[PDB]
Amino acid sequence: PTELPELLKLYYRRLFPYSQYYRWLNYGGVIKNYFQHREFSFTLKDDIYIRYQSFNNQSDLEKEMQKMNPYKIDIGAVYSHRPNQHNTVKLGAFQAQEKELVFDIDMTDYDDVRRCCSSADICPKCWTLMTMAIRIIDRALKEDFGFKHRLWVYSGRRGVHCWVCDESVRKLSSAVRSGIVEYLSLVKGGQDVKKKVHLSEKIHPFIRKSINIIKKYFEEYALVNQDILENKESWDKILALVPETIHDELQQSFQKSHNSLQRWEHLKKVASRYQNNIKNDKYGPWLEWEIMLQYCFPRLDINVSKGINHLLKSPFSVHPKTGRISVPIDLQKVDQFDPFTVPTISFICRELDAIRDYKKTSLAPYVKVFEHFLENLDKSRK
């Protein structure tokens, strides 16, 4: 990590997409002081960071970034005054007023249903959890809430970010933001809780449509790549999510079967014949769905979305612990996104001078994703 300083110096001088970055956060320049009242937080060397940075224009941002060469850049809220003037403001008047609705998803939050990685590690076997998270959440944001300007970003290490940028979304209060999160959440409980998903008799359309997305990926991700029913050590973790009165019946049919595909098929048949309520003769796949949701449904870092003033790593910032650049994700190629081809700052600095802007490097197609998102914002403003 000692190479970072000179690599960052070249990155911010020749590669960082300043014009596209300002086109984003200036939002057409129609509202006064909108960019000028935006907080930036720079992380420097040795985990030292500065809060409440703000700039007058694109040029002032360029000069300060090329002067500070920060290890990472966080974006905060748009405030009532210039953040760099917040000490001259009378107490109580400095307030966060607007910010994009953001989401942060971390692979670590799935450690209880991951077999391949743990902590901040990721691999192709578990990245499909992010593919499903993007598609489930983005569908809800697009179709259920009518949000039209959504930027998905690779966080650089262990997950993804989403920036919802509709002008009315940026005005939402903390309370409404929490209400949106609650609408989107189904997996509830810490490590103390065994069964984290419970469904009602009547399935809300959001749950049905999310289930059907998971169904497209469940066989190859859960029963092959993860092999969640490989042996007793792992299939007892799934029996913890079903009533005891059917453990015996499932225990035997599992040992008689030979792979997870067969054992899942047996679980579905038993689960759909379990009598949940003795009052009625109503049966269904509720248990089947609760298992699929607990293993695949998106798990949000909820506090990132609730707070208006919460900082989030900027797109095209470096992740200082991996060297990877936080790059936009092509929503039209979400299934093909490979976090392991994401260029590091070292990689693109090498491409630049191998026999001078980002188009000469592997960062170019990621900027094009950002530009497509920017052109849709400009169209909604015309």
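Numbering follows the first chain given and starts at 1. What we label the rigid core is the largest C-alpha set whose atoms superpose within 1.5 Å from one form to the other. Compared with the form solved in complex with the partner chain:
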Given for the second form:
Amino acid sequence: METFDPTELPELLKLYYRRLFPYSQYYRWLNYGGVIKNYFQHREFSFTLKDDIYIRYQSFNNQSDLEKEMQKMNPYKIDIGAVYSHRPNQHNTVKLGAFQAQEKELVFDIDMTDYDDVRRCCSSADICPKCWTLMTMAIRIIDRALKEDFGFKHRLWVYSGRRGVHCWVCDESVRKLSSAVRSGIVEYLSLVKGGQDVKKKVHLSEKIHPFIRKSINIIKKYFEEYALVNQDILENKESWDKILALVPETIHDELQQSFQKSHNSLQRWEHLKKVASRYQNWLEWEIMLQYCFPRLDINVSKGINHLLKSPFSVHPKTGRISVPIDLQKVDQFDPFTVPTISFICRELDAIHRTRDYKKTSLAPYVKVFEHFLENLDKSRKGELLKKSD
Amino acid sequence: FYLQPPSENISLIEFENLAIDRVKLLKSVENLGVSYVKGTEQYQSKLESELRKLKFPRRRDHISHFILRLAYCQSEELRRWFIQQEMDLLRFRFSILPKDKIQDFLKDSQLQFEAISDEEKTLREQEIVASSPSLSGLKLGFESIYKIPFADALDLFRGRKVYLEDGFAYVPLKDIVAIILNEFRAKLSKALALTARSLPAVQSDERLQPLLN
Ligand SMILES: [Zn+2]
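One more: the block was the form deposited without the partner chain; return the form solved in complex with the partner chain.
What follows is the whole complex; the chain from before opens it.
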């Protein structure tokens, strides 16, 4: 796509916020169906304006406020927070210790820079097709646990706009989880003990918890192509020593030779398996995990008041739109073909309206968001109409 | 279940005495603690000879407990010490209890659990056995297992010491209790906090100096 010029941002945002931002769908979601007092009215939004000024306890009465206000402030950034005991903007009106964060979707944030020690392709803040597989594996490992382990049914996965993804778990029961539990969910999914620069970072015990097992599996299905072909983790001494490090020193010199007498990583990996297998008679799995398993930041998920990047917001540098990822075609998701605020504004230009976004490249993405919404409606209609019986 | 302070009234002697009697029982949990091990009846019966002998008896254990709160709600070493022996005692009280009455306190409680039939048991035996601690063996024994909301098992699943499936934790009855106990330690701790909080409105009283010292 055309390289984006962040100088046009002010104008693009104005257009974007007045004709393309999926307001009605954004509202349909955050209002969760009017099944609760002021669930929406008590939702905190945060904004990053003009000179990078940071406004925070913003609130709104209905969908129309949200539109009016946004269009007047044309936010460079928009963040979503918790649902409070009182309308956020009236916190000067609320007593001390009475104003509190009560409900909020469980969220996760996965960033490629949290893997800089396991990727040879790009540089820290960048991403390429060779490292994006990690986001693919992250989404599958994490989304499987949330669904099969915790029974969470509503999970909205979203592209961060540059080098990562976010996940918003919205189950009505989940929005009520205590921080202690969230903090626990994160620990249950965490496996890479990224200590103060400690070479080895994963240790399995003879026994293997099923979550770990099912995780190893998913990884297995991409390891070769991603790790052996794309990353070529065993290409040199400067690379395989890095992997040798995660293996008992009594095995170094042997493998060091096999590696030396090999021609590619797919070969060397196969030697590593063979040799390590003798010794063992888990070393393998640990290496795959240390290179492919997601790294989650406990902070993002622990706090119930955490303000996170809003879906459909615009990335200041890359210009990409924060679009919902379609789980049924995760592997197919391409960060590089993600519509730019510039790109979509141009499409609009080359053409009330209310279906304007549908004539843009956002269309498919907002479609995904709608299905996500249709299911919410169900669960809601399901539980109430069938259980309030 | 040491909630709801005794509203009754007792002589300064009752108070004065009880305190010392408990300070002894827990002091005994200190003895039967480093001299033995949870070596069945030895550590057991010995503890249960103190139990009845030293008085506690239910209404007696009740008052005794609370009165000692006023005591150890000051030094953290105390609060940790007090909550300590106070626990080993609550476990003991369970141990003995028969399967019949045990089931009551579980239900009569609030925790929403269920027992699984050998049906799901063997089907998940595999998983369950793998979720467990270093728990040697590959047999899901005969000890029945229960299905409780994953949240209620927080201290278990956050360390992957149990199997979650569809938002439920599948645990042995040994573990359901272990949960209820940490819930105790916790609730109690909240109480010692509140007592110390309003201790000041009782420091000045003279009748209470032997105790607080
Ligand atoms: Zn890369």
